[PDB]
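Here it is, the structure in full.
One protein chain omitted, others in place.
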Amino acid sequence: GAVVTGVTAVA
Amino acid sequence: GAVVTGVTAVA
Amino acid sequence: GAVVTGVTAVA
Amino acid sequence: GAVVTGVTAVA
Amino acid sequence: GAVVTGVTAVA
Amino acid sequence: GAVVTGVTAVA
Amino acid sequence: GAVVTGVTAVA
Amino acid sequence: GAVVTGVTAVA
Amino acid sequence: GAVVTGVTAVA
Partner (left out) sequence: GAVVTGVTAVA
């Protein structure tokens, strides 16, 4: 099917 | 300061 | 300061 | 200060 | 101060 | 079926 | 089915 | 099916 | 400061 990964960061 | 926005989707 | 918004969805 | 909003959904 | 809002749903 | 997990935090 | 995980944080 | 993961952060 | 926006999607 589908594997959707999102990361938005200020580290 | 900081404005951090993240969207992860299967629409 | 900080405004952090996250959305994770299957619509 | 801080405004943190999170949404996780299957709609 | 702080405004923290979380929503987890299957609608 | 479905496994939906949401975490919103200021730690 | 579906495995949806969301994390929104200020740590 | 689907595996959707989202991370929004200020660490 | 900083304005960080991320979008990850299968539409």
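Letters A, B, C, D, E, F, G, H and I mark the chains as written, and numbering starts fresh at 1 in each.
One rule holds for everything that comes next: a contact is a pair of C-beta atoms (placed from the backbone, for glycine too) under 8 Å apart; a residue touches a chain by one contact, two chains touch by 3 or more.
**Q** If the missing chain were put back, which residues of chain I would it touch?
**A** 2, 4-10
**Q** Which residues does chain A use to touch the chain missing from this display?
**A** Given the touch definition above, chain A has residues 1-11 touching the missing chain.
What we mean here is this: only the chains that are shown with their structure count from here on.
**Q** Hey, which one of B-C, B-H or E-F is the same interface as F-G, over half the contact pairs lining up?
**A** B-C
**Q** Taking the mean of the CA coordinates per chain, how far is chain A from chain B in Å?
**A** A distance of 10 Å separates the two centres.
**Q** Between chain B and chain G, what is the gap in Å from one C-alpha centre to the other?
**A** For chain B versus chain G, the centre distance works out to 12 Å.
**Q** By the touch rule stated above, which residues of chain A touch at least two different other chains?
**A** 2, 4-10
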